[PDB]
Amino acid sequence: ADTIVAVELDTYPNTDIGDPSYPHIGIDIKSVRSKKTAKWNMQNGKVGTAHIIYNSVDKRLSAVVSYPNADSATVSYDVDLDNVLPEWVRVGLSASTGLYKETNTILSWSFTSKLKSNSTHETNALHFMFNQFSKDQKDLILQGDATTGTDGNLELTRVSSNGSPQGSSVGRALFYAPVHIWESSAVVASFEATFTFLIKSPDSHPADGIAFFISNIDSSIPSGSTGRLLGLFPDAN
């Protein structure tokens, strides 16, 4: 099975599987039932921004999601990723729709990771920044319904030609190169992730959400994980 650590931007409450009775952001550690959540006042049709950060000194994973001229939603959870994830992982974005839909458009995405080992200035680093996505984005592994090129944007889930969002859709984009998330002999290790999105929903309720995730290198979308599973988990356990 895949080892998943994700920060979810959950637009649809599934109170039956542990979701809060309102849209929220949460920290998922190997389960869709977030170890921590915070109320999120999602704004339909508006471009928002998410920022996720973590460092081995504090061993705390935090995220802030906000819209311009609007209060932000913050969520933090104490977790030592050395004990949860493998040394080498892959990072990506995931999204899904179920009975209800919304567009899960990504306008930009950047990530920076640094590892300092026991030596002078000996820091290994990785950084990538996407502001425009091309039709042939070779450095991205697109899974499921995810597609690039539409207006230079990344469409995680299926959107028809007339621009309307489709139900029962799942899609992910993983950066091509494996990321060395930690090392036993590292003094300091940290990562920063930032992405802007546009969740637009024409129907009754928006669903199901977007999630930033870290996984084992060979991770793939679990079969049937549309809807509430965010394309990350095989079941709601």
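Numbering follows the first chain given and starts at 1. For the two forms, the rigid core is made up of the largest set of C-alpha atoms that agree within 1.5 Å on superposition. Residues that one form lacks are left out of the comparison. What changes on going to the form deposited in another entry:
- Just a single entry of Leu99, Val84, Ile141, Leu126 exceeds or equals a 2 Å CA shift between these two forms, which is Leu99 (rigid core superposed).
- Taking 2 Å as the criterion, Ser204 counts as shifted between these two forms: its C-alpha moves by at least this amount when the rigid core is aligned.
- Core-superposed comparison between these two forms places the runs of three or more consecutive residues whose CA atoms all shift by 2 angstroms or more at 98-102, 203-205, listed in sequence order.
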The other form holds:
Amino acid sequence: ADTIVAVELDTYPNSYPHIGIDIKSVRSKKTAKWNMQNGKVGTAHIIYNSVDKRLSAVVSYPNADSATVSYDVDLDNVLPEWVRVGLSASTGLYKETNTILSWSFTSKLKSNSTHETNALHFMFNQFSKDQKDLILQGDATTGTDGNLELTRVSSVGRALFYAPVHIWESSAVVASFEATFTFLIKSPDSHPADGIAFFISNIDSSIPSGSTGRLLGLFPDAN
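What would the structure be for the form deposited in another entry, rather than the form deposited in one PDB entry?
Just this one chain is shown here; partners and other molecules are left out.
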């Protein structure tokens, strides 16, 4: 199967809406109560570093309380050395959107050497119709208002960055990454079933057959 590490925001009544950390499985390793705010723009902050070896997420809304979750995990023992990073989304049977307004990533590998740092950094504040640097999978598309629509507008969409990412290296004193993305989940229904995730996977990851709904387009089965 693909190898997945993902921080997901989900309202699927499996059972309150929550933010969760997933290490190779949809049955989250850790979750926190999340107050999904329909129609309001949210902001997810994800961070990791090899020294602490702890993956942390923070989701907040303006004038708001924030939800936060952290999980101690050494990504070196989970993920391959080279990965692709991306955004996922799955809609239950409700009318709703999963608009990503902006996305940014930064990765750094600092060696044992003097002045040896390797780094990648992309910042999307405005997606275009032909966003060549992104691999779009599922129902995802770009250009709609200069945004990225992950889900159809039971839909599943995804968008991974083109260039593979060097997440870890056996000779680095401190590897690290940090991702930030602003989303807008709008639904006419009062209690919609929806989910987005920032995930890290093998370079050639693709939508598993039947990864719909609570499987977020990341996993082929919970069982």
